[PDB]
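2 protein chains.
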Amino acid sequence: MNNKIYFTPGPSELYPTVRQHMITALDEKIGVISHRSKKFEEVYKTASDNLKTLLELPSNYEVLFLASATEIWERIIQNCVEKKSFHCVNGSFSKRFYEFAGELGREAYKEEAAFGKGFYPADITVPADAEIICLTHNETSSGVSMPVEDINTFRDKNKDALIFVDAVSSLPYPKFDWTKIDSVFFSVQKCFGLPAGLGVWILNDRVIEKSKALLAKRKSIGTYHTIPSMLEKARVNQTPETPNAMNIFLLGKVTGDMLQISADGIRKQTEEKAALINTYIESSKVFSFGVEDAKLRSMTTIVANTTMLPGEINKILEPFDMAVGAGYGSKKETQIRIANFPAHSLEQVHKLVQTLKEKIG
Amino acid sequence: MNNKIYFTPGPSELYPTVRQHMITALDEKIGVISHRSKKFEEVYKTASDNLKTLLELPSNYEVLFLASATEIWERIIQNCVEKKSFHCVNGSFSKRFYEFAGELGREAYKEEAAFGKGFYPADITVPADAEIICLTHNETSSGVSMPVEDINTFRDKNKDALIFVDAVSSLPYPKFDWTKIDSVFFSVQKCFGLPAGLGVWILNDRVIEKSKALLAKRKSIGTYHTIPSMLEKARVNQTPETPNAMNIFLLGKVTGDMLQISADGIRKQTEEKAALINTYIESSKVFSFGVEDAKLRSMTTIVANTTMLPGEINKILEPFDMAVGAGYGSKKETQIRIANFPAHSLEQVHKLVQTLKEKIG
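Chains as they are written, first to last, in the authors' numbering: chain A, 1 to 361; chain A', 1 to 361. A prime marks a further copy of an entry chain.
If you are wondering where the hints come from, they were derived from the structure by calculation, not from laboratory data.
Possibly wrong hints are sitting among the right ones.
Heads up, the list lumps identical chains together, so a pair's fine if it works in one copy or across two of them.
Said to hold, decoys possible - The calculated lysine-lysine pairs, modelled on DSSO-like cross-linking and capped at a C-alpha distance of 27 Å, are:
hint	residue 1	residue 2
1	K359	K45
2	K38	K157
3	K351	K4
4	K39	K4
5	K332	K38
6	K285	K39
7	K45	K4
8	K332	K315
9	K29	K117
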């Protein structure tokens, strides 16, 4: 029995109801039913509808299921970019997405900020010939966010561009204005508290139409995971290929649970936990903020500079059945990353902070 | 509690140990651990090694994990075909794979047999400029197989071509001669008895080298799921993106179970069940063979023509806690499809046949 609580930024601690929901999945033989069955269609619709409700999506948006967020990066470029994209790059994830454009033979503009820093939109312009704008709400590697108010400044910079937001390590925390962007995506092993194995692509009419326009130009936009392919199946509560039904099932159940709290309720809970952690960092003799600009510090993946090795910190936390993440990549010995996801309770965070205060200081 | 036994050809009845293995997964927090952790590397290696052992793969082959078999169709063409492929097409799955080539801008040769029929290699030639040969060991839509002895005839028809075999609905039944082909693939929701959400691509040095050659020619071969990308990670017991750890875990456990029986043992078990079913079809007043040539009838997905509607058959079977598949597509009212996978026991098949004999005849 693994009793350790993981404050790691994805995969992470499973949403607390997942165990019982998985037992239900096994009992109901969710893993056995046909992906073409009425029962599967019901499972699909529950997850799709619950996301639309939780995220308050308008009628011009659709929800599509894929294998991973990384897959979604690829599909965005294949379906929606003929020649050029524009990317805000400030860390490892936003950088990799930018790199995909070139690997796929496209030309990408890059607006870059140093690792540990964010963006100041007043200073940013977007070339007119950029077809899409790729923003990262939460750069998980560095702990920097692009708040919704900043995201909202991009629409007028290039009115015709399709705006995509990576909220992989933050949704459902940000509350988007769906009229100012065109698409958001995530995968389920971060704030949704599921095992990895499912990506979710939320996209609007403008995105769909762009894919259809490229296909009409006799450009290949893919195969099974073209937007039209996925859309045709989504309209009958299905997927083109046999999907990860277990996760679609679990997602509908967890989102149901989330709806009982409400998205705003979860947001408040997220903020209360972040405040506990940040208050401790304000006076810690070991930890300091990994991101200088307080407005741009992530509420969901809190990155702290540390004078102590993360390995040493985790060794101290082990007897207390807790673990935090180490810094990303080359920061693995100089920062920690504390996941603050819905799966993490106030009491768990309280225990973490108290333990850190007492044993690390 | 869903107590019905599903003889459906994928998804299908879970391997009998899956329930307890899933409980272990939950207990060990397999869904929580990092995909970059030593523990994950161990899980990965167990699944990879067990497949190499079970399938008796030689040293020039590697095992790669993807999201689905359908994804693998796409990746084969992207990574390995510059201009032209060759496909044997005799049903819905083999047809769709063939269609992907054109959707991706390639030109595909098609060797076609009617639905319900198979191939006679003596009569088949492969153009020299075909870069790959795509064979389907088990055409799940029609219940027709291409036995290994027939598969083996292709190597000399085009020595330089890469030979790919779709064994999605049959592995581990066929026993391939790995020197006469270059790659095989499957997904886990058929004979491996897992919930859907994992594809497996087994490929050799020749396949790997072709991908590297195309990339060198300055052709895009993809992004996260290029062969080199996947290979680099496979060599450290990882994947490029966050994968379906639950299924990688379950796959290693089930393959462990399978190894205790042995692949040849499972083959004998498969044959014994098929014989029970086929003996009944020989004298049934309702069922007849969906495939005329006995040599080409599938041992894993048995297709029978039926004078009774599958819906009526299943209504009769319902009180007995069993179900069979209906015919594929336009055959949904005139054929049934009986899955005979490792998950189905001799006693279960015996119960099915006895019930059919007694109630249908």
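Legend entry - Hints the structure fails to honour: 1, 2, 6, 9
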